[PDB]
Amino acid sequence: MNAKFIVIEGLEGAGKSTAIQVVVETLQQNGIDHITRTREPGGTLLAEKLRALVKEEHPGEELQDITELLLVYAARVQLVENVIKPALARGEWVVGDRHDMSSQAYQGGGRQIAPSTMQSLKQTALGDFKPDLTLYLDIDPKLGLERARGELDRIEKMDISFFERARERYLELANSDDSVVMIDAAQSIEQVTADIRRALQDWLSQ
């Protein structure tokens, strides 16, 4: 095995942090002890500042959808170039909390930004770079918002249909991509854990 980038995806409330930890422990049980964890938007000083700009409301100013996409991308470029690519080049595996699949679902599906725009901006910012394995934790939008309880950011204040379109695109990508495996996240902790731990052990042996 050589180093890989594994991404956890899904709506908020899908138990992403449980999944991250499951993924990490699996790799450890498999003799992989050098692992880097990341989150997006974020993971660098500047990326974290961009995350805060994206999650806040701006007074006397409408945050345009394209702006939103440009910002998540600017944060993505920083992470990929300063943290992710160098870790992989050194033989360190990277486990991330969201990556580009989130822009496709949130900005593509949710904001309804033209797919052609999505495609060319992904091209300019990332070229060909892509995760090696993504675990998309799928959950019903209302169930998910009601598990995220315990303050709603600018995106989390959007109406339900927004999350439904995000979900639909997440589903279109998950079925059309063999490097994406779907996990039913509305099960109990023992079971989400079993399916993640089983889809990854599985994937590794391949």
Second form
There are 2 protein chains.
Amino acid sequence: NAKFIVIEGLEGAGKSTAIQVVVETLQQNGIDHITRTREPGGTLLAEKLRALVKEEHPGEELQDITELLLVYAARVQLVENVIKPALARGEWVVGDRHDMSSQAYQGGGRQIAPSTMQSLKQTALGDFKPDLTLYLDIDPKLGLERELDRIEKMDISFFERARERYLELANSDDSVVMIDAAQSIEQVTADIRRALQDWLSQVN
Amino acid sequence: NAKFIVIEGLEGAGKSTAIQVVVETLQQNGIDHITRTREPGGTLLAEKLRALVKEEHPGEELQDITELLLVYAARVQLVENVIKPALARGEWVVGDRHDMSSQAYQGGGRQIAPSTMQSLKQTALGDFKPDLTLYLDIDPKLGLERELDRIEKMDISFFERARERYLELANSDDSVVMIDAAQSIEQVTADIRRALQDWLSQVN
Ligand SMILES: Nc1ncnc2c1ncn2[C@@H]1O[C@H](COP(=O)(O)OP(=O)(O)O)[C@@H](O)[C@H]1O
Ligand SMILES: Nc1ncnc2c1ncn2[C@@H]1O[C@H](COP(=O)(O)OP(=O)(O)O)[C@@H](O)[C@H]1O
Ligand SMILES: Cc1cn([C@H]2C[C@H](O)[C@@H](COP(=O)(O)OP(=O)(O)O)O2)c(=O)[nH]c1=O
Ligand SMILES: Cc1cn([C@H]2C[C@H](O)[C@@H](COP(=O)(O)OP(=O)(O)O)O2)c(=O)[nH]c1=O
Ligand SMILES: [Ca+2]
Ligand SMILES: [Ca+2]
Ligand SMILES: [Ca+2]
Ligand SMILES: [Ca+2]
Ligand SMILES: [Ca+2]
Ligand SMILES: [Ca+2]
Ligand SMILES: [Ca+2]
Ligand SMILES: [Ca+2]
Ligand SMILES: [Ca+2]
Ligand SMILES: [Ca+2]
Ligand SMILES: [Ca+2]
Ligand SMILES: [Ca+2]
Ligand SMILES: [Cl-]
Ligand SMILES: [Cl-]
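Would you generate the structure of this protein in the form deposited with ligand ADP bound, following the form deposited without ligand ADP above?
To see the whole picture, the full complex is given below, headed by that same chain.
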């Protein structure tokens, strides 16, 4: 049965090579219909919104609530127009970021009230969630070391708050598996392959 | 003391000439610092979002929740970056549409749940509201008769639902004054001038 697998983590955790290993592992397990997505983005409108979030806004203060609304608008478009239909056709979906990123960056980083984050999540997504999330955990500075956009230019305390939120969620959500991304690409890759293989072997 | 006056109504009710009469009336009453706004829009980002809402989306279904989020994102930017600062400087603000339009079009027209509309309003605006709203009431067909965008191309039942919501709000909100916009421009203009003059004469 079709599943939604998400790859998560701070800047430079290694989500790009992780997606590679996840797709390859799925293929090795006989899954031959897979759709990758990335957030924010993945549709014409969502990509326009991604640009609005990543670009600088000279002469205009981009309010925290506005940022949240934009990433959610992009997510709704992707979920309704790409992800759900793909799952419905029987394709597995592998996402480069999903809602956990809003929780970490907008909730932890921007410090938006938890009541606000949950009511917006409910409004946008209902109970829709990934089946497995592979959270690549990394010290923010180390990840940054690996033309910065508006968010990447935030001070490190923002990313520390984001990491704190990611870790809380990884610890409370049984569907989140944490990977130590501070290792060599080879070891991280090996741990991802194992965690996913281990998880696939327990479905049903 | 600085006040926020909003002009509301369906397509073609006559909001453009109404704004004219409102600003002129304020000036005649010694108010010499006034900032007009229009929604969605009024900032660089808000204008980009206005275009996204008004433009067609070939090959992509624009979800109802997405539309709501976009108009709210535009509103937050305008309220925080233009309206509130203007009021704070002592300028009166005259808006061409505001939140009542979301209630009518997204709430009534798109039929978004009331719980969703209120939680999003609270999230975006808190208790911020206009001091006076002049709602220009018109039969939708008559107003349409007076290159249509994506919303203007909706069937008339959408606008009837929007009118129904506008009227409910006009009837429940003491700060909303309803004007019969089905009259000649001269008579509508005269009624607006009177309603505003009557209202100004009762402040404090
Ligand atoms: N475990 C690792 N050790 C060292 N470098 C890495 C590791 N994982 C990724 N990188 C490098 O860091 C950079 C960003 O990786 P990327 O996968 O794009 O990160 P993300 O998508 O999480 O921002 C790339 O140049 C990549 O080669
Ligand atoms: N009371 C009225 N009677 C007849 N025509 C009107 C009236 N009010 C406005 N119009 C006309 O309808 C058109 C749209 O008016 P406008 O003020 O732009 O409407 P809105 O901004 O509410 O969409 C204009 O050509 C205007 O001249
Ligand atoms: C999905 C999502 C991403 N973001 C941020 C995380 C990233 O900084 C950015 C997405 O870009 P990113 O995934 O870093 O792409 P790249 O590796 O090419 O820079 O958007 C949010 O702030 N909120 C969200 O909901
Ligand atoms: C402010 C706002 C406007 N709208 C709609 C109402 C209008 O159809 C459109 C704004 O354009 P409109 O005010 O009609 O400008 P013009 O007279 O130049 O066409 O956006 C919403 O659907 N939701 C909102 O929250
Ligand atoms: Ca980045
Ligand atoms: Ca990446
Ligand atoms: Ca496919
Ligand atoms: Ca699911
Ligand atoms: Ca636990
Ligand atoms: Ca867990
Ligand atoms: Ca219009
Ligand atoms: Ca107008
Ligand atoms: Ca001014
Ligand atoms: Ca006020
Ligand atoms: Ca009443
Ligand atoms: Ca009233
Ligand atoms: Cl911040
Ligand atoms: Cl509709």
